[PDB]
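Visitor: Here is how the chains run, residue by residue.
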Amino acid sequence: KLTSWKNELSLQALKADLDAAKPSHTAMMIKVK
Amino acid sequence: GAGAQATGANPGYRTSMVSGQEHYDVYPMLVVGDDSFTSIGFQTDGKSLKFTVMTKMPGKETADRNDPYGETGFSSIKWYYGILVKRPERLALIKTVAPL
Amino acid sequence: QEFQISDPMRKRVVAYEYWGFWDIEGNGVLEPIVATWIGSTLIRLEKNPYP
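Chains as they are written, first to last, in full-length UniProt numbering: chain G, 19 to 51; chain Z, 302 to 401; chain C, 307 to 357.
Please keep in mind that the hints were generated in silico from the structure rather than gathered at the bench.
Among the hints, erroneous ones may be present.
Claimed, not checked - Quick list of simulated restraints, FRET-style, between CB atoms:
(1) Z:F343 x C:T342: 34 to 44 angstroms
(2) Z:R388 x G:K51: 48 to 58 angstroms
(3) Z:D335 x G:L20: 57 to 67 angstroms
(4) Z:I395 x C:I311: 38 to 48 angstroms
(5) Z:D368 x G:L32: 36 to 46 angstroms
(6) G:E26 x Z:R388: 26 to 36 angstroms
Unchecked claim - Straight-line alpha carbon distances no greater than 30 angstroms define the calculated DSSO-like cross-link-like pairs of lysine-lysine that follow:
(7) Z:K379 x G:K40
(8) G:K40 x C:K317
(9) G:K19 x C:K317
Stated by the list, open to error - So these bits of chain G aren't anywhere near chain C, every CB distance computed over 10 angstroms:
(10) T21
(11) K24
(12) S42
(13) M46
(14) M47
(15) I48
(16) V50
(17) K51
Using N, Cα and C, we set each Cβ at its ideal position, and we do this for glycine too.
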C-alpha cells in the first residue's frame, strides 16, 4: 500500500483497463501501418 | 424425466419422454441464503465477470504463405468461472411436480 | 460494443431527456419542462432551468 488513500487503484485494475482498451487500438493501428 | 412412470392415470402434470418411456418432471423452488457462497474470479478486477473478445476481419493482413486464399475471418469469446460454497447449510430446495 | 471499464462508478449508461411544453397545473397553460429517465426509472422532473 504505497499511499494513504481509503480506496486505491492497485496494479491489477490498471492492467484490466489496459486489456479492455487494447482491442480498439490494435484494430486502429492496421490503418496506420 | 426424473420422476416415476406416467401411465394413463395422469391427472394433468407435465411429463417427458426418456427412451420410450413417459416420466414426470421435477422443479426446483429454491431459496438462496445470506453469505452462503462467493464466486471465484480470475482477474475479473471488480464485480462483473470479464470476457475476452477477438476479431480478425478478412484481408491480406493474414495472407500468410501456405494459402493466400481463405479470407474467412472469425470472432471468439472466452472466460473463466468458478464457485466457492462457504456454508452449504443455507441453501434450501423443495422438489415438486408442476401442472400442465 | 464489448468495452467495459473496471470501476462501476465510471461505467457509461444511456439516458434519455425530454424538452417540451406541458400543462402542469391542468388549467390549459403550457409551461416548459425537462424530464430525464434511464431504463425505466424517472430520475429528474423540473421546470426549464435556462432563462
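Visitor: For every hint, state whether the structure bears it out.
Guide: Now the hints, each set against the structure:
1. One distance hint, 34 to 44 angstroms for the beta-carbon pair Z:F343 and C:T342, holds here, with the actual separation near 38 angstroms.
2. Separation of Z:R388 from G:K51 is about 55 angstroms and conforms to the stated range, judged on CB atoms against 48 to 58 angstroms.
3. Checked against the hint of 57 to 67 angstroms, the pair Z:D335 and G:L20 fails, with Cβ atoms roughly 35 angstroms apart.
4. Between Z:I395 and C:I311 the beta carbons are some 41 angstroms apart, a value that agrees with the proposed interval 38 to 48 angstroms.
5. For Z:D368 and G:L32, the hinted distance range of 36 to 46 angstroms is satisfied, since their beta carbons lie about 40 angstroms from each other.
6. Between G:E26 and Z:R388 the beta carbon distance is about 30 angstroms. The supplied range of 26 to 36 angstroms therefore holds.
7. Our distance criterion of 30 angstroms between C-alpha atoms is met by Z:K379 and G:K40, whose separation comes to about 16 angstroms.
8. Proposed proximity of G:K40 and C:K317 is supported: the alpha carbons are some 17 angstroms apart, at most 30 angstroms.
9. Proximity of G:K19 to C:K317 is assessed by CA-CA distance (about 25 angstroms); at most 30 angstroms being required, the pair is judged to hold.
10. Its beta-carbon lying about 17 angstroms from the closest one in chain C, G:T21 satisfies the requirement of being farther than 10 angstroms from that chain.
11. With 10 angstroms as the threshold on Cβ separation, the claim that G:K24 sits away from chain C holds: the shortest Cβ distance comes to roughly 14 angstroms.
12. Distance check for G:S42 against chain C: the nearest CB is about 7 angstroms away, which does not clear 10 angstroms, and the non-interface claim fails.
13. With 10 angstroms as the threshold on Cβ separation, the claim that G:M46 sits away from chain C holds: the shortest Cβ distance comes to roughly 13 angstroms.
14. A cut-off of 10 angstroms between C-beta atoms confirms that G:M47 is not in contact with chain C; the least separation is 17 angstroms.
15. At roughly 18 angstroms, the least C-beta separation between G:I48 and chain C is larger than 10 angstroms, which holds for a residue marked as non-interface.
16. Every beta carbon of chain C lies more than 10 angstroms from that of G:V50, the smallest distance being close to 20 angstroms; the non-interface claim holds.
17. Even its closest Cβ contact with chain C, about 22 angstroms, leaves G:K51 beyond 10 angstroms, as expected for a residue assigned away from the interface.
Hint check: violations occur at hints 3, 12; the rest are consistent with the structure.
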